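Participant: Residues per chain, in single letters:
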Amino acid sequence: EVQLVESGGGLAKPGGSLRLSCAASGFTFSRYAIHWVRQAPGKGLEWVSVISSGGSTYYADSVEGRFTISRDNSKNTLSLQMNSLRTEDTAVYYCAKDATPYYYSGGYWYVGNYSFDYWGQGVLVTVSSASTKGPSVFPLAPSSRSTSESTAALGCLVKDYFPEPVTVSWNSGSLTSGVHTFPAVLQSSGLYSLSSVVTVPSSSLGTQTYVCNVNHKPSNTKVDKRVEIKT
Amino acid sequence: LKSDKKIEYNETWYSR
Amino acid sequence: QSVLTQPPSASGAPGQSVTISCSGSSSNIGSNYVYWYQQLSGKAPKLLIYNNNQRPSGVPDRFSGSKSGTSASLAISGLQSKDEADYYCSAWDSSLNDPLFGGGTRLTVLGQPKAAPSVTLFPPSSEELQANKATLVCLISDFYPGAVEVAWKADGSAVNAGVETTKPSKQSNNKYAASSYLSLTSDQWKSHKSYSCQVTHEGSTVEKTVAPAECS
Ligand SMILES: *[C@@H]1O[C@H](CO[C@@H]2O[C@@H](C)[C@@H](O)[C@@H](O)[C@@H]2O)[C@@H](O[C@@H]2O[C@H](CO)[C@@H](O[C@@H]3O[C@H](CO)[C@@H](O)[C@H](O)[C@@H]3O)[C@H](O)[C@H]2NC(C)=O)[C@H](O)[C@H]1NC(C)=O
Numbered sequence: 001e002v003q004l005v006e007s008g009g010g011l012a013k014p015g016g017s018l019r020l021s022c023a024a025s026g027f028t029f030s031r032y033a034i035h036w037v038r039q040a041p042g043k044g045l046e047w048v049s050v051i052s053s054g055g056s057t058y059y060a061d062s063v064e065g066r067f068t069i070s071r072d073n074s075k076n077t078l079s080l081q082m083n084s085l086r087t088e089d090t091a092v093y094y095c096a097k098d099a100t101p102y103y104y105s106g107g108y109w110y111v112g113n114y115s116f117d118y119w120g121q122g123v124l125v126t127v128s129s130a131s132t133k134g135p136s137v138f139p140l141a142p143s144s145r146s147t148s149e150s151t152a153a154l155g156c157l158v159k160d161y162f163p164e165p166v167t168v169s170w171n172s173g174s175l176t177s178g179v180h181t182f183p184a185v186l187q188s189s190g191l192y193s194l195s196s197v198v199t200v201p202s203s204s205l206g207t208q209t210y211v212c213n214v215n216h217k218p219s220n221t222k223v224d225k226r227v228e229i230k231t
Numbered sequence: 175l176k177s178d179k180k181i182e183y184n185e186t187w188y189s190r
Numbered sequence: 001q002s003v004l005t006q007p008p009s010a011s012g013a014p015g016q017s018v019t020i021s022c023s024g025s026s027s028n029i030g031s032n033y034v035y036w037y038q039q040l041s042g043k044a045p046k047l048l049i050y051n052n053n054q055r056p057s058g059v060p061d062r063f064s065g066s067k068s069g070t071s072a073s074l075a076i077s078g079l080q081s082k083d084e085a086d087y088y089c090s091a092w093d094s095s096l097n098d099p100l101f102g103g104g105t106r107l108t109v110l111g112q113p114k115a116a117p118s119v120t121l122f123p124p125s126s127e128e129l130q131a132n133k134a135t136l137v138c139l140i141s142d143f144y145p146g147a148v149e150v151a152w153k154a155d156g157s158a159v160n161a162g163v164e165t166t167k168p169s170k171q172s173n174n175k176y177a178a179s180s181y182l183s184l185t186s187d188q189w190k191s192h193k194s195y196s197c198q199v200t201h202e203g204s205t206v207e208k209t210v211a212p213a214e215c216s
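Protein chains in written order, with the entry's author numbering: chain C, 1 to 231; chain E, 175 to 190; chain D, 1 to 216.
Be careful, since some hints might not be right.
Straight-line alpha carbon distances no greater than 25 Å define the calculated DSS-like cross-link-like pairs of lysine-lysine that follow [unchecked claim]:
1) C:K133 to D:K133
2) C:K230 to D:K133
3) C:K225 to D:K133
4) D:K46 to E:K180
5) D:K133 to C:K43
6) C:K230 to D:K190
7) C:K217 to D:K43
8) D:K43 to C:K43
9) C:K217 to C:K13
10) D:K193 to C:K230
11) D:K46 to C:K230
12) C:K222 to D:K133
13) D:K133 to D:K193
Hints are computed from structural coordinates only; laboratory data are not their basis.
Input sequences plus hints: build the corresponding full structure.
Facilitator: Structure below.
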């Protein structure tokens, strides 16, 4: 099974640096060029860089001079060092195996055909002047649930965090049915906010506790918050 | 320069 | 000689066919191999067609590729709902000495039934108000098609400042979800009798209303 497992990435300031890495297995590494292709949020694909088996390196015009690709054929590893980062560098980055092994033709050695049959899982790179910020977690409960309401929506507001992503579970992953965690909104301040909601039976309130577990890895923050209705 | 992104330019591949 | 031009969107009927075009120039599409990629929501791209019209191992023959002059086309027959994805063409440009991607084409499969949105409105918590702030949260889910309008009202008056609404995004059940946030001071929240989130979908408007709680 072919695998390209990426690591690195994260958040940097304009002018800062980040290193991406890609670990390859399941094929003859030294026979193929390996590329980096990126994709801005909600945007299209753009080829970033390539390194050949023999160490030949090529880069897109927008990143030439700022990015340095390298590989280790004995370790089956690849790395992309990214300096002088700009706002427009914000994207998910994939390592991508060239679908065509290097070949000799017409007097020249060719590194590949710039088509990509296997792709890594993708690593998020954010470049922004805002610093990392953990979220504030607030409970979302109705002001007063009438008896006619057999069910009740409980939730957690995960407010004013940066950068993405955030994960939410309920009762340490034991509550999954009826859970809806919404994609975050981007505020004008440059911070994100999301909400997670779960519909539970009203007869369970006062009998069952409902705790939301919020994980913001970019700030190394975890928050557990119990949600009750004050009625 | 790097006028052809399809070409391997390691001298070991052509003169070794 | 340009960036490959694809239509932003395309649609087709289930069990029928759709054709996604990709226009370039003589230095890319006209003289070089064309490749096609499929990208499902939240996933990495997948090689769908290579060398103008060849299918990789495991790609069904209902996916076909073709080239004509400076244009290329990807045809999908026997359309399934799982085919909803972004489709990208790609080709080498020898004038630019660069590999090019198209802008992508979002494929919609028609026939999915319309669904009215479920709307839940949350007032601010006592914690946040203790911090002198008040965020009102309007959660919209389970609607199709993915287009809603969100209006905020305060005791009948229109609320324009402090509103931030997400773009709709597909859920796991192929329906859509969205969120609207109304950021106020505690002074604003406590100087009104009620606030309302009004969600309009397909001309039908639903309304939820929250009010400062006396609790006593
Ligand atoms: C991998 O790529 C090589 C090289 O082709 C060039 O680079 C690719 C990245 C693409 O952008 C190609 O569009 C681009 O041309 C492929 O080899 C090439 O195959 C074509 C078609 O078979 C050859 O063109 C032919 O040229 C003769 C004249 O000599 C004409 O009579 C034919 O009608 C046809 O036009 C081309 O010469 C050839 N180039 C080389 C260097 O071999 C290769 O097929 C492709 N796929 C692999 C290796 O699986």
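Participant: Hint by hint, say whether it matches the structure.
Facilitator: Hint-by-hint comparison with the structure:
no.: 1; hint: C:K133 to D:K133; result: holds, 18 Å
no.: 2; hint: C:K230 to D:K133; result: holds, 19 Å
no.: 3; hint: C:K225 to D:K133; result: holds, 19 Å
no.: 4; hint: D:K46 to E:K180; result: holds, 22 Å
no.: 5; hint: D:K133 to C:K43; result: violated, 34 Å
no.: 6; hint: C:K230 to D:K190; result: holds, 18 Å
no.: 7; hint: C:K217 to D:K43; result: holds, 21 Å
no.: 8; hint: D:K43 to C:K43; result: holds, 14 Å
no.: 9; hint: C:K217 to C:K13; result: holds, 18 Å
no.: 10; hint: D:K193 to C:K230; result: holds, 19 Å
no.: 11; hint: D:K46 to C:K230; result: violated, 50 Å
no.: 12; hint: C:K222 to D:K133; result: holds, 23 Å
no.: 13; hint: D:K133 to D:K193; result: holds, 17 Å
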